[PDB]
Structure formats: structure tokens, C-alpha cells
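**Q** Produce the entire structure from the sequences given, and follow the hints as far as they go.
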Amino acid sequence: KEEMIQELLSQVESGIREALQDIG
Amino acid sequence: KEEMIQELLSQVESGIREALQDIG
Amino acid sequence: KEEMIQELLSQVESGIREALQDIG
Amino acid sequence: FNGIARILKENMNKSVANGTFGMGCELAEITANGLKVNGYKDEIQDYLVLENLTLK
Amino acid sequence: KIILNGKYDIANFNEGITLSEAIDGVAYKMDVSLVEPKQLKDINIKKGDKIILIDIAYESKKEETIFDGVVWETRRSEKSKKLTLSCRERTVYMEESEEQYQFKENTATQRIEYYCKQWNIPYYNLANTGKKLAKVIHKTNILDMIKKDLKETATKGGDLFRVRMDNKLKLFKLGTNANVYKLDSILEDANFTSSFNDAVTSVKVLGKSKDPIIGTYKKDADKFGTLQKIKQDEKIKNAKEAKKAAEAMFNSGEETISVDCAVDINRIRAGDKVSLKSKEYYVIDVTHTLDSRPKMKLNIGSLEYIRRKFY
Amino acid sequence: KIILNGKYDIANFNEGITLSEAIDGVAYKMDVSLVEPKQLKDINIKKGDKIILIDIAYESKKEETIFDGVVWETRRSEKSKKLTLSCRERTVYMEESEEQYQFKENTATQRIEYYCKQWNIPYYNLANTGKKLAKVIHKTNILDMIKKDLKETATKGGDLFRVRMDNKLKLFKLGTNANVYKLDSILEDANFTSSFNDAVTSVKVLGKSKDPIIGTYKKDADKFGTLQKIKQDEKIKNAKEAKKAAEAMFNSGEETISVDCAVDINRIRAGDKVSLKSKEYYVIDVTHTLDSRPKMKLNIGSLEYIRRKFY
Amino acid sequence: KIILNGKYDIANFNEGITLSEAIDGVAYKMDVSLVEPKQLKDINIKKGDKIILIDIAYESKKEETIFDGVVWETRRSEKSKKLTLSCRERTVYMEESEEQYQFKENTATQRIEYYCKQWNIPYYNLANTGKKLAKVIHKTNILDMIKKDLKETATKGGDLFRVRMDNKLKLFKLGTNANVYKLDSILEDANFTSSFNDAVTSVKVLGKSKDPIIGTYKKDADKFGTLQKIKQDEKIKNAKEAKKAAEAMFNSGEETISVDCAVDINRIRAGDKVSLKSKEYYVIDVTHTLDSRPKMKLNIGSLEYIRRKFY
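Chains as they are written, first to last, in our numbering: chain A, 16 to 39; chain B, 16 to 39; chain C, 16 to 39; chain D, 138 to 193; chain E, 139 to 449; chain F, 139 to 449; chain G, 139 to 449.
These aren't lab readings, by the way, just hints derived from the structure by calculation. Fair warning: there could be bad hints in the mix.
Here are the simulated BS3-like cross-link-like pairs (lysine-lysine), alpha carbons at most 25 Å apart as the crow flies [as the list claims (entries may be wrong)]:
1) D:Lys-151 - G:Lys-242
2) D:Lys-151 - E:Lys-184
3) D:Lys-178 - G:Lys-348
4) F:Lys-411 - F:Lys-378
5) D:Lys-178 - G:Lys-381
6) E:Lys-220 - E:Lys-184
7) G:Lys-277 - G:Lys-447
8) G:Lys-382 - E:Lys-277
9) F:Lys-285 - F:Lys-378
10) G:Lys-320 - G:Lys-411
11) F:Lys-357 - G:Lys-188
12) E:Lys-433 - F:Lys-220
13) G:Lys-242 - G:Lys-381
14) F:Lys-342 - G:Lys-217
15) G:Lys-188 - G:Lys-286
16) G:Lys-179 - F:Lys-320
17) G:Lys-286 - G:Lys-270
**A** So, in C-alpha cells, the structure goes:
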């Protein structure tokens, strides 16, 4: 009910960091 | 139950890309 | 059911803006 | 989210440093090998000079 | 299906594998997630370990090494003993090792051979890119230098080349994959996107170096309007070079397809030539995800847009 | 309510429309999402098509063209036949077409007229901005050049102007909207945010060009502290120009309201002067969303903060 | 537990407090969220108000001022009367006030004292950093200048120093916290991450200023490979300075732990030396969250990686 926020904030952070590290 | 992650990751990507393209 | 999207988009925007303002 | 900001700032410094490279006035010294510019690993064997420096 | 590591076989621990690559990405990326009980904890997987993923290839249905790289980073959870890796092929080394080199006028293949010879990087017989590059001085990473000279080679009419590692460094031309797979048969969902976002209809070259080369080469001004750019590169020191650079920049804007496939074509990689419907497109990006059901997602686009954006 | 396209009327297919604009945005943006059955698929909507949205205006309750632009990009889903557009008015063309121009000392209105005359852009009678700009050489996009000279016009005491397209190019001053709407009556929710985030209490001008113009013009140092900046622009080549630039930079920090309205005021646009409670604020951003229930969200702020940030 | 403000005590209104700091952050940040009924609305909290948070310290279990700063921004919701603050200690003032200073050769402590004397900033007895800095001209913010000279002091063998405000400015060395707390006892969850992401095995210095200082100082080339960088700073005007800069850059890549604690150690701050298991790590970042259950999350790392990245 509340863990969705933590899970998907982690996914957003991981995805954006991953893309920046790959392209950069 | 699980499609919320895909839906809202798509929304986050679309919104941030949209804002960067508009302001940039 | 639908307010999760608005809530967590707000959280994502707040967190990323907050981090950029702090580190920047 | 601080990690993204730090990575992005590293990208800022990287891009700015790459853009500033090969631009602006720089000091140098002449050698038998050729021109030796400060901040360059290798001597430049082909370079131009101002015509007032070519006096006898 | 088989994860060799140095000696062991940790395929008996992985929850899932995701092979992802971008056309401009640093390296072919494999992100394998594991559970870490006492058995896996004993072998003590460290960063720098060599991972080889072996799976039944789509082409001949024989076990072939689809990935051969090194573990670039390990992240371990303690409450839940889930060790997660993010493997990279050894082009990641080139993207981190900076070095300065001064180059005279020469081709990209000679420069790549020089880099490999200097840094002792194994490499197959490198394809002759043919295009002759202007003299430059570089400072960025070795992969950065290679990408820069390959971009300058795409300009001046040269073919689009991309460097992938495998066991020994390979200079991979984009449209040279062996099998042109057809994705329409397994098309779970597609997203045809068209745009004028990066459309280039005109280009006004302003040469910063002499042969006073200046010109305009508008290509479809009547149709899409004079969507003009200005190319002001020192490397363009020639009229033919300017014309070829202009011709290697015109496009009808972004034109890509966000393809989702229900079956993982194992041998697809960035730059490969793949078919959807009758048309043919080049893989801008591929993201396999070898969960219990193999799956693949692709982002493909036309040659003109790829050349305009990534070159 | 009415979506003309070239000939047809696709208002019988749209799930929703969202008219969004920013004060510094590239263009007035309309993002209309459609279902794409055989009927809509037949007409074959391509990028570059001309969309005109017509709806009952709030002012006189007569059908008026609230948007007139071009389809900049189409994205089609295949599993679910939902075609989605992202329309733009023709200022997006100016933001993509690069060109180099050298300008002597003159005003912003003359420069805008010169750009329109060169590129054959229709334009109404442009308002005399009055401020005289220094000689510069530009390379960025045409919209970039216009924004740059308008920013330099806001500096030196000139009024804040913004360019919007409509059918023919218009030079829109910010605080000149016909109707100063009051949002308190339909205030679903508001978010009054105050800050010292971009507060400027002092400015130490260091002129890079001569009339040796140097000075400090601290305005509220006793109250908020000496929150100092340094303005080091070549365009400031005068003592009065320096003083006016300093005076056009002081502010009490960010002071905006994230307003949410339950009723869509149709004619609101970026830069318009709107009232919430007794006070009056300028629309930094507006985002209409014409779903089955019309709705609007606004971001408004004071003149000082807008001038400091966007000018 | 106690929120003094100027006169009142608004601890009877706060839903939660989150004390967060980064090693490179602008300031110690407290983000306190409040409900705003008539009672709190009467006192009219404005930006610039002085907040002091008092809570039972972990060390001696006595009420001590754990935070002393100023309200940098207030955001008020109207539909739900929830006033939210984002407090900052007064180093945020230094990060916003720009100023230009020319400095001869001297140490970082003298420069910090000069800044404080010029801008009338109270400061305790500043620790002698010892390292001698080269002549430079600065333009960035005062905190930016302080961080720049502290980075140049970390280079040349000086100890890692960080500036925190409190009531009067303090020059805080990293590994000098009084109590080396052990987090293993309250370890809700940890995330040990290792990588070669920012590994530096070699560095080829190319001096832009004379004593022609050039050299290479590869440290672990045999083990991790020649992960090389190029340091090309004008501030390095000496052979020993080059060697110390090289030695203050080598590391085995990113090596951090994302620690989550079920109990909030109240006095932890960025740069403090804390223990997890037998090893000791420096706090890269700390994020307390004083909800109804006190809680803490930490990000810690080794000295080498921190020096490489943040210095």
C-alpha cells in the first residue's frame, strides 16, 4: 500500500542514473 | 497490481523528456 | 486508485528538484 | 537522488573541460624537436608564427 | 542458462538477466541479479571477475557465448541476501582511461589500430573505413576518441561503424548483421513515433579552416520548410568535405519504432539491421530480459535520423 | 470541441486535449490524444498537418480559434489503436532553424521585423519595445535570438515582452491581457510558496566594455542581508544601462502560487495578468486539460521574480 | 521535540522533521512539515525566521540544539492547511552571495578568515589546514570559493576539511567526530555496493604552469589495469604538488554502503567517522526523519573514494 512509493522511487533513481552513466 | 510501475515509469519518462524539450 | 500517480509524480519532482538545488 | 545530481555535475565538468580544450591563448617554449606547449604531452612540429617574429 | 564466472556455474542462483545495449552506449551491458546464500557467498564474487553467459542461440540452436565481459560492480543486500551484478564488456575500460594523442591526417582504422597497439587491446582484422580524417589533438577517453573519429568518418561519406568488444575488439559496421530478423511475427506491441524534432532541411557551413569554404545545401526546403542548421567544425577543411557533411545531416526528423517482442531474439545487438513489416530499420537500442519467460524490447529507427543524431 | 485538421473534424475521436504553455517555453503546446480506428486511419494524419482547435471562449461564449498550429509529432500505438499528437504553433520552427546575423545598435522590434522579413514570417504590427540594444553577433536559433534581445530589452528598463505565434507573429507584452480573471472563485487548491531561493539584494557590476563602469546598487541589504550577484555582461556599456540592469534584477526571492482550478478559463495564456485573492500575478505557466470535465492548473508569480529569473 | 522559532514553540504542530545533509551539500537541511490551523496562522511564519530544533541528544541524553538555522522557504497548502518549511543553516547565504576576490599564495584557513572578516560572518577558531595554495582569482559564490580552496587543500596532501555553520562558522575536519558510533547493532538493512565506476589507477599530469612538470604515477596498474586520468590544473605548479595530487586521486573505485538504521543517532552529520561491522567509514550523506518513530538512513564510503570524487 505504501511500499510502492519506495519501490518505484528506487526504480526511477536506478533508471535515470543508469541511463546517465551509459550515455555519458 | 504490477502494471502501475510500467504506467508511471512511462509517465515520468514522458513528462521529464517533454519538459526538457519544451524549455530547452 | 488513481491518486497514487499524482502523489508519486509530486514526490519524484520534489526529490529531483531538491537534490539538484542541494548539490548545485 | 543526490547520486544523479553528482553524476550530472561530473558530466557538466566533463563537457565544459572538453569544450574548453584546444582554445584560448597558452604559454609555450621552443625546442629542437619543435614547439612545446604547456599542458601538451607532445611537441608540435608544424606551427605558424607572426610575421614580425621572422625578422633577420 | 550458463553463467561461467571464473570456474563455477552460478546459473543455479540467478533470478534474471537483462542484456541491454545502446547505439551510443559505453558497452554491451548485462545486469544479472542473484540470490546469495552460503553457497554463493563462499566463492566471494568481487568486482573484476569475468562473466561469460552461454545460451542457446536463435540462429543454429547451439550453445554460444552471447556475452563475454567483466563484473564492473557488485551490490549486495543484507536483509534479503540478493547479490546484484552489472556486467560490462571491456569497452568500459576504454571509456574510463583518459589519454592525450596527437594525430596527423589519416583514417579511423589506423587510429583505432594505434590505440589498440598502444594500450595492448586484442583486436580482429579491422574493416577499412576508408574516410580520411583531418589532423586533430584529442584528450577525452579512448572510447571517446574512437567515437569522435568514427563520427568524423560518418561525416565525409564514410559508412557508420560501431566498436564492440566481444573477446577481442571488433569494428562493427551497422548494416552488416548476418540475419535480418523480422519482428512482425512476435510483435507484442509497437509504438510508431514520427516527428520533426531533429529534422534538418538546410545547413549553412561556415568553415573555420581554409581549403573560405562557405555554402548552403538545402535539400527539401519546399516540403518541410527551411529547417536550417549551421555546421562550424574545424575538421571540415574542404569543399567536398563540406558537401558530404551536409549530405550526411539531412533527415525528415525523428522516425523510430518502440518495438516490444514476446520472444527474445538472442543475437540482436545495437546497430543490427532488423525488419518490421516490409520496411527495414537499424537497432538504436535493444533490451533483452531473460526472466523465466525470455522477452525482448527494441527501439529502431531509420538510417537518416541515426546518422543525424548519433553521428 | 472542434478539431479541424486540414478538411475533416476529428473531434469525434479525441479522448482528451491538454493545452500547455510556459513563459519561457518554445511554443504554445497542444497535446491531443486520439483513438485511431479504420475511419481515422484512412485520412492518414502525418506530421506537418495543420490543427485548429475551436471551442466556446470564456469571454463572449462564441466559438473562437483558441489554437492554430501544426502537428509536430505523431505517435501511434498498434496493440491499442490510440494515435497521440503533440501539436505546436509555428514558433517551434523558429526554435529549430539556426542562422547567424550581425546587428548594429538598434531596438528589439527592428530586429524582430528583420528576422520576419528575412524568413518570410507573417507578423502583426509589432509593439515598439523602445529600449536600444548594443551591437551583437548571434548564432543561436531565431527564437533564441528573439529571446536574447528581449531579455536584453527587459534589462535597461524595457517592458517584458513575449512572442506568441497565432496565425501571424505577435509581440505580446506580459501585463496586457484584456480580462484580469479572478481565480479565487474556482480555487480547487492553491500552493503559496515563498523563498529566498533566487533572491537578489545586491549586484556588483563589472563592465567588460567601456562607456570602466563599475558599481554596486544594493537595494534591501539591511532586511534580507547582502544576497549579492555579479553582472559581467558586455552588453552593459553604459552607467545608466548598468543601473537599470541592477534595478531589473532585485527581488525578494521566489514567490509563486501553484494554483489548481476546477473550471478551465479557456483564454488564459503564459504571461497574462491574473488575480488570486486581492493580489495580481503573472502567469508563469498554464496547463489546461480538456477532458470530459474541463480543468485548468496554473503557476503564477510576481513581476520581480519573473524578471529576475526569466529575464 | 522543541521548535523554538523566534519566541513560540511550534513542536505542537509538526507532523515530521527530516534532517538531511550531504558531504558536498550547500547546507545542513531541516525540512519540517506543519499543520497550519488558526493558531499557527496567527504568528505568520515568514521566510527568514530563525528555527532552532532541540531534542534529547544521543550522547549524554540532555536537550541540546541539534539544528540552528533560518527558514529559507515556506510552502502553504490551502485546501489542506499544511504549512511546510525547508530550513537551512546560514551557509546557504554564502552559497548565494557572489563576490570576486584575488588571492596571493596562502593557506585555506587564511582565506576563510578573510572571507568571514569581509562579510562579517562569526567563526570559531579555525583549524590550520596547513597546505599552501597557489595564487588564484575567484568569481563563484563564497561557499563555492571555500569549497574550491578546500579541494585544492585536499590536493597537495592536506586533510579533508568541511565547513558547517552552527551558530558561528566552523571548519570541521572529516575524521574528527567525538564518538565513532557502531551501526551494526541497529542495522535494519544495508546495501554494500562495490564498483570500478570512479576507479583511478594512473594519472598523467600535464602541468599548464612551470615550477615543464610532467609525469605518471601509476599505483595499482598490475591489479586493476591502467585506469588512467589526466590532471591538467594550473594550480599544480610544482613536482611535489603533482605527486601529492596524484597520490590524492588513486582509489579502487566506488565503495559505499547504503545503510538504513531503525534508530536515529541524533548527532550524526556529514563527514563524521562511523563504524559498520569491524570497518570504519566516513558519512557521505545522512538523512534523519523524526517522525513519530525516529529513524535514520546513511550513505557511507571509504576515504579514498570520497577524496577522489568530492575532492
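**Q** Does each hint fit the structure? Answer for all of them.
**A** Hints and how they fare:
Between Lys-151 of chain D and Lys-242 of chain G, the direct Cα distance comes to roughly 28 Å. Violation of the 25 Å bound is thereby established for this hinted pair. With a C-alpha separation of about 29 Å, the suggested pair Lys-151 of chain D and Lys-184 of chain E falls outside the 25 Å cut-off, and the hint is violated. Taking the CA atoms of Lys-178 of chain D and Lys-348 of chain G, the gap is about 14 Å. The hint holds against a cut of 25 Å. Annotation: proposed proximity of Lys-411 of chain F to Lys-378 of chain F is violated, straight-line Cα distance about 29 Å (limit 25 Å).
Straight-line distance between C-alpha atoms of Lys-178 of chain D and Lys-381 of chain G comes to about 17 Å, which keeps the hinted pair within the 25 Å bound. Taking the CA atoms of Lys-220 of chain E and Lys-184 of chain E, the gap is about 15 Å. The hint holds against a cut of 25 Å. With a C-alpha separation of about 23 Å, the suggested pair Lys-277 of chain G and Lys-447 of chain G falls inside the 25 Å cut-off, and the hint holds. For a cut-off of 25 Å, the pair hint linking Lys-382 of chain G to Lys-277 of chain E stands: about 22 Å separates their Cα positions.
Our distance criterion of 25 Å between C-alpha atoms is met by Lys-285 of chain F and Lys-378 of chain F, whose separation comes to about 22 Å. At roughly 10 Å between alpha-carbon atoms, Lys-320 of chain G and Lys-411 of chain G fall within 25 Å of each other, so this suggested pair holds. Between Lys-357 of chain F and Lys-188 of chain G the CA atoms are separated by roughly 22 Å; this keeps the pair inside 25 Å, and the hint holds. Taking the CA atoms of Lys-433 of chain E and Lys-220 of chain F, the gap is near 24 Å; set against the 25 Å cutoff, the hint holds.
With a C-alpha separation of about 22 Å, the suggested pairing of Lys-242 of chain G with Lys-381 of chain G holds against the 25 Å cut-off. For the given pair, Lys-342 of chain F sits about 42 Å from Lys-217 of chain G by alpha-carbon distance, which is inconsistent with the 25 Å threshold. The straight-line distance between the Cα atoms of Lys-188 of chain G and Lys-286 of chain G is roughly 29 Å, outside the 25 Å bound, and the hint therefore fails. Between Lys-179 of chain G and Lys-320 of chain F, the direct Cα distance comes to roughly 24 Å. Compliance with the 25 Å bound is thereby established for this hinted pair.
Between the alpha carbons of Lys-286 of chain G and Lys-270 of chain G the distance comes to roughly 13 Å, so the proposed pair stays at or under 25 Å and holds.
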